[PDB]
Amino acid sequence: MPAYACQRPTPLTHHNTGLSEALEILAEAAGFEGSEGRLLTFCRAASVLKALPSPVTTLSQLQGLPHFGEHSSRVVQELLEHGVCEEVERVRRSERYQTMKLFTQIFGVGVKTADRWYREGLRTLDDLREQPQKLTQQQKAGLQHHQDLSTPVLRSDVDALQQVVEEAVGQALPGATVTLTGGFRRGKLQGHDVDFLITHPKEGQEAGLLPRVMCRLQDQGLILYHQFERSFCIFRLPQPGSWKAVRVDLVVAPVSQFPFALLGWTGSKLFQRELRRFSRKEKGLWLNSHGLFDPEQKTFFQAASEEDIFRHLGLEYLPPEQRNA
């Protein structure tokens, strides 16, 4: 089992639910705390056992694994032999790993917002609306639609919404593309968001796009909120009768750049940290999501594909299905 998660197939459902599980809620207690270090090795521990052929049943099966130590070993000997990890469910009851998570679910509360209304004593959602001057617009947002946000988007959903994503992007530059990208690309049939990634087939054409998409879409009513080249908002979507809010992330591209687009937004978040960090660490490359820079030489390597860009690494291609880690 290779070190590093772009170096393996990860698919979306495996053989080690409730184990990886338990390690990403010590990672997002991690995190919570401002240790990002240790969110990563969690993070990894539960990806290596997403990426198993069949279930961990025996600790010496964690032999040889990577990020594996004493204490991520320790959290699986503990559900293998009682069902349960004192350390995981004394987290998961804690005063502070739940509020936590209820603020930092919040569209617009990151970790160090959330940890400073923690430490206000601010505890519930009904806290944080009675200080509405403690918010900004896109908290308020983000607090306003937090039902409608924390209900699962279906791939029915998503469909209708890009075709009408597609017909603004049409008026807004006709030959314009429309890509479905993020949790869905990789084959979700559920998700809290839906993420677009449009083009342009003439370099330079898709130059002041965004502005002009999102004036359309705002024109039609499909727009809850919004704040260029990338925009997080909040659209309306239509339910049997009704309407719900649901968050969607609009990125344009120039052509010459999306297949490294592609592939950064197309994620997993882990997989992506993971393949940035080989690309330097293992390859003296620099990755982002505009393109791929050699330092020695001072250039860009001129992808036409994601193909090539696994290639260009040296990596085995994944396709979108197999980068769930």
The other form holds:
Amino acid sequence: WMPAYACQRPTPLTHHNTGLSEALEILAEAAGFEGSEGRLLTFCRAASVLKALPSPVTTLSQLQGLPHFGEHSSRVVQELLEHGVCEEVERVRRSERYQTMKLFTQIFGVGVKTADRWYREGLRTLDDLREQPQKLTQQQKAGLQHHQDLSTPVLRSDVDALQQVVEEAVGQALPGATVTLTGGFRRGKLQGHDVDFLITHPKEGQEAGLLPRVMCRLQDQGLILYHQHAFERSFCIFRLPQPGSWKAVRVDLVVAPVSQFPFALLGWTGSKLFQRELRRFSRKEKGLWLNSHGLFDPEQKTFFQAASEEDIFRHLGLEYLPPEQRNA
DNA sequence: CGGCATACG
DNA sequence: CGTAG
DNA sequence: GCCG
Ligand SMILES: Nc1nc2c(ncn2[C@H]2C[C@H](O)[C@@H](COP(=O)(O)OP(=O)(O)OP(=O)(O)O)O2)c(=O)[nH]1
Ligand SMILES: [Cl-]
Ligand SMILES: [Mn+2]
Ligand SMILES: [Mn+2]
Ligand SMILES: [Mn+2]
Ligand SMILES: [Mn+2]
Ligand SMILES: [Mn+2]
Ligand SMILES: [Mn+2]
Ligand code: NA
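Having displayed the form deposited without 2'-deoxyguanosine-5'-triphosphate, please output the structure of the form deposited with 2'-deoxyguanosine-5'-triphosphate bound.
In what comes next, the whole complex appears, and the chain from above leads the way.
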């Protein structure tokens, strides 16, 4: 039929059930704002099943046998098919709680727990936060100052410009190091809200200490509007040129040794749901523990060597999916 | 019923 | 607590 | 919320 794990099926970026999947994703997001990770996962998984179907769902009949469709998710789809709207979804959409939690958690440096505390304190707007700046972290101050630019979609044209700049700094920091585009743009997205890069070097060990050297060089070139500072992940805000001005862009930089590069490439290419499902599959179906550093057999107490993403899918007994089919 | 990814800053 | 896919 |  339809397999139960998202890593077992191709999921393209564009598909035939966009409206249905978007509605279920609203309910998933709302569940996350209420701390119900289980409900969030079911609604995310149900949405992803629809993304993987070969044609539009027209009749409730067509949901029979699909994994992750039970009474609740089927009723949502039934209302959308019959009336074009689901009352529960529309109620969530217009709710003050949903709109405020969405606004607050979109802030770089603000998670669900912080947003919820602010909501309970009575805060509702960005200007509310700006009027009490002593309660903010430096990271949150940065996220709030740059929030407007960070709400503007990053375009593929923007990505090519950023990659050349990152390569320049990486080349001075360590000749021979390479820069690979990851995240949503590697999956074929035409827009995004950040750019993700993975950096390595072909000689194992030479990447040790690389990211501080890369960051200092970017910072000396005036391109870093914010970053946290030894480390291997950097979540920063870049200054990106624009016609007669510039805009702030979120950029994630990650370093891995070449021995781990296939695992890090897999992990950082996503999607987020794809990776959660793949790690769940590995552990629950194969008894293997997967992360962005490796794949561990806890019985033999050994790590799998991988030279490619293809190797990792083979180790796990899964058909290979290119990045553009990992859009779970 | 228990489980729900798995890390680093 | 934040961040990431 | 759903699966096994
Ligand atoms: N400031 C701001 N942030 C936004 C807005 N819309 C979304 N975001 C943030 C919230 C999320 O953390 C993030 C989602 O970005 P993307 O959809 O590009 O996904 P992400 O990069 O998380 O994953 P991906 O690399 O595609 O697998 O963007 C907005 O209007 N303003
Ligand atoms: Cl839950
Ligand atoms: Mn229900
Ligand atoms: Mn009706
Ligand atoms: Mn991204
Ligand atoms: Mn990112
Ligand atoms: Mn590491
Ligand atoms: Mn994200
Ligand atoms: Na946030």
